[PDB]
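Colleague: Take a look at the letters that make up each chain.
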Amino acid sequence: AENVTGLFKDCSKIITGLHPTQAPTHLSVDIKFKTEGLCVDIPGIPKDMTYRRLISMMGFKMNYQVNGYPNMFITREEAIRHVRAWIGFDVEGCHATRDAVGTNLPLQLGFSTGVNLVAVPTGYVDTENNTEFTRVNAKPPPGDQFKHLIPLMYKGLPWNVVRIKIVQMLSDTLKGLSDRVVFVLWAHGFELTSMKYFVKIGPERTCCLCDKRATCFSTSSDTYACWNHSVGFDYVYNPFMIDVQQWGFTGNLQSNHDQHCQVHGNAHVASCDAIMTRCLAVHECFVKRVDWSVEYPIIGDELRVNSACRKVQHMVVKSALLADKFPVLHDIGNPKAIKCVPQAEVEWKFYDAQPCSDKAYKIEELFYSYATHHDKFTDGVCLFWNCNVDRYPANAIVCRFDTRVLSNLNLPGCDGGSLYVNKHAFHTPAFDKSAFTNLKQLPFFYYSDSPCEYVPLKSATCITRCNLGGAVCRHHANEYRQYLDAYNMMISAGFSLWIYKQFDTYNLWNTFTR
Amino acid sequence: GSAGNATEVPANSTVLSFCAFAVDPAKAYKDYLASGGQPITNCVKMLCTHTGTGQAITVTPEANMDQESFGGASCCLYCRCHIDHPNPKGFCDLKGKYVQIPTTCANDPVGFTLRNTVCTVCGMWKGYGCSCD
Ligand SMILES: C[S@@+](CC[C@H](N)C(=O)[O-])C[C@H]1O[C@@H](n2cnc3c(N)ncnc32)[C@H](O)[C@@H]1O
Ligand SMILES: [Mg+2]
Ligand SMILES: [Zn+2]
Ligand SMILES: [Zn+2]
Ligand SMILES: [Zn+2]
Ligand SMILES: [Zn+2]
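In order, the protein sequences belong to chains B and A. Reading the first sequence from the start, the letters are residues 1 to 453, 465 to 525 in the deposited numbering. Reading the second sequence from the start, the letters are residues -1 to 131 in the deposited numbering.
Calculated from the structure, these hints are not laboratory results. Where is the CB? At the ideal position from N, CA and C, for every residue including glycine. All the given hints hold, so there is nothing to weed out.
Some chain A residues near chain B, calculated using beta-carbon distances under 7 angstroms:
no., residue
1, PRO8
2, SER72
3, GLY94
4, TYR96
Take these sequences, add in the hints, and give me the full structure.
Modeller: See the structure below:
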């Protein structure tokens, strides 16, 4: 007897602390004051007038239940519900060599965002009057692999700066994306410890002069801040975090990351570590395919993009059917019947890896790979609409997401692929030209077969309902305008259209014969 | 590598971790008590003559048959969690002086120092009690 933390372990090199007053604990008061499991005041042996004792912040170990106070560690489930509130977090650190030993200071912080913030080594030092938060002498870890940390000692930066820069850097990243923060970390101990600097915690609060829950806090003048409308805010009111390693991974992080994703090589920089942590969380959760019970609220204008997406789908597959008159259509990646063109003579076959249970009688359970299936559908046309695959067959109509475009919808992923979120987040592979080698790009066009009915405009590109004249026909002239807008919307949404090369704009004209 | 001197027992970990991060440490503590969590222990307890003034702040331990005596710093929450003191600049009252608590209320010495204020006239606990007012 008895066990000790050590948390707030006294790291000073002083023998013989500490007077029973100005002693934080019974554990340290000099043996001289201790008798019979107690302490006793001896006026003769004085309390120190001046002393500086480094107190270790390591081993924070916080698990607690208080009604008004939110658990800051969350279930794997709850961590999926909020994604890209996700930020990878890892802190390289330093040891205090000179006037103290046995604690680790937070030298360099890094995030899923490319940013790295380096700080002056600082710590908490107990003194006669109070506890003070101050710069401390410190040294780099011993290893030759840690040799890269040395210069960072000098470079920067005051913590009052860093904790303010941290917020803004998180602020403009998460402003539109989420209401909160979740920290994704591999081995959580030191980052929890690092968190002590820029984080204050407490019961939930609403943004000053704003409706949404408060992410940030300001010591300057007490205030509770929104993600968007905060500025000049030092502290983060209610972060969340999840320790990936808690998930039962076998080895070290790098091994597990590199197993799946090759787009991140490793430089020991804290960021490159904090990114790797995210790939794993991403991959482990989201390369499992399309759990459909998860609802992420949307902002913004995905509904428009969603409608536009389907709208343009109908147009192109209807025409492509008209023009080249395919006997059968293989629709791959259609979990539900849902014919895009409801009425067509064509044989319509559905294929899916994860067909929806009800309405699963129509669909063949299949996983498409060009290697195996290049032979297997020779007949008619194949449709992959947002079904991302091994390179596409020569006869096809495909809509694919180009991961390279950034919009608040798509988030980084593994490897080089972006995890796309409109609803029901879909992880999609990195955009690859080689995949389209059998196809050709799809030029914009409009098709309407309808009886015809603010300034009019002439479009060379379309099949107009009437081309005999100019010919601006008030129904089409307006519909063409509205369709093109919904087409330009989804092409700006990052989607790209690819068609079999046989396809020709002309052949739609012969449908205007009589 | 520790490589250091351990100042704390595990039984106080969560509470101290909790109040350290909190914006209001004082509330967090009182709240934590309500939740059924244990009051902070390990505070320094004085073997005393128990004859002396009942005064709360004393340069040497002064106790009563009713009171018990504690080293001030160990009874102060802000000293204990190593966070800034509510006095704007910068100083703690209890550190460097011995502090006395009613034995019945002595179970949670840390909170007692938070809840109450000493009367300026006799320099003694208010209500626990005071001839003043
Ligand atoms: C393609 S996405 C959503 C796009 C959908 N086709 C649309 O246009 O609404 C979801 C479906 O893709 C299918 N999928 C993805 N990869 C597949 C593959 N290699 N083979 C077959 N189906 C695949 C899944 O089985 C899943 O049901
Ligand atoms: Mg780490
Ligand atoms: Zn706001
Ligand atoms: Zn990666
Ligand atoms: Zn104090
Ligand atoms: Zn009085």
